[PDB]
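Taking the form deposited without the DNA, here's one chain by itself in structure tokens.
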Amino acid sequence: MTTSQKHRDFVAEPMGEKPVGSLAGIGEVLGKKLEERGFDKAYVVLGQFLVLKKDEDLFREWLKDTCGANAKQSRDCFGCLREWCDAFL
């Protein structure tokens, strides 16, 4: 396995009310910016992922535009949501 332990912890269980910083790739800096834009719980970011029909390009650009995520951060966040959905949705 090459994923983070943090990814593995997120994808191992339903997310409930977990904060946005529980997502892989979302450190404290990106998490604060997301919270300031209203994306305060991980499920709100899941919602955007789903409204974009799980499209990697659109979601990763949305994250870049919304909190300044770089390529690795947005890839990690996308992959964590994608695997969570494959497990639970």
Second form
There are 2 protein chains.
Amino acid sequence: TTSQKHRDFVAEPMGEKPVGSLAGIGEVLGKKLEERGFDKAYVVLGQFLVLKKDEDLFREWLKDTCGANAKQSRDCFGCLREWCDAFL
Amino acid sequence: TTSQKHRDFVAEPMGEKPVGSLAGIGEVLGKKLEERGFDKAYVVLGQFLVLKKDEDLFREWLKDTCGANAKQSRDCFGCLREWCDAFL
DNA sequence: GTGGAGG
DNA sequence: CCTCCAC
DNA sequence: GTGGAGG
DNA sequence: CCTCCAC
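Condition change, the form deposited without the DNA to the form deposited with the DNA bound:
Full assembly next; the chain just shown is listed first.
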């Protein structure tokens, strides 16, 4: 249902974890994200929060920013959504 | 050194607290913030995070968005900065 | 609705 | 003097 | 560096 | 078939 990568991120405060620690974000996507400016998981969380946690908006932003796909954005989203329900 | 309002916010996860719960943000500023879209403390945290926690950038964004002043932006900023060091 | 900082 | 938050 | 989903 | 993440 959820990747191990997911749980690891949802398990504890991201603090300074890199964006690549985000579920759905690997070396390729992660790389581009950093270049676009979002060079830290928390920065992506900021964008998530800014888009008021809206799934479509966020996932669509991701797809437009680093080029994630259906599974990628879905996982990254659900990942943050859960982290927030856990610590925010 | 820090207002009571501050501590209350830095004490626990903002969760769903309204923007008016933010140190430095009262009924006047808070109101405008909501209208500009940021209708929830966490949304402001998202903007803070997006601006990678930069003091000037954030405080300047605040001043430009709701019209906070020197003390207002300073407190709102220090407020979030601490919350993050405490839960992010 | 007083007190006090910011402007 | 007026604004706006903290209490 | 294999396995498997997304495109 | 190629891309890109999860492991």
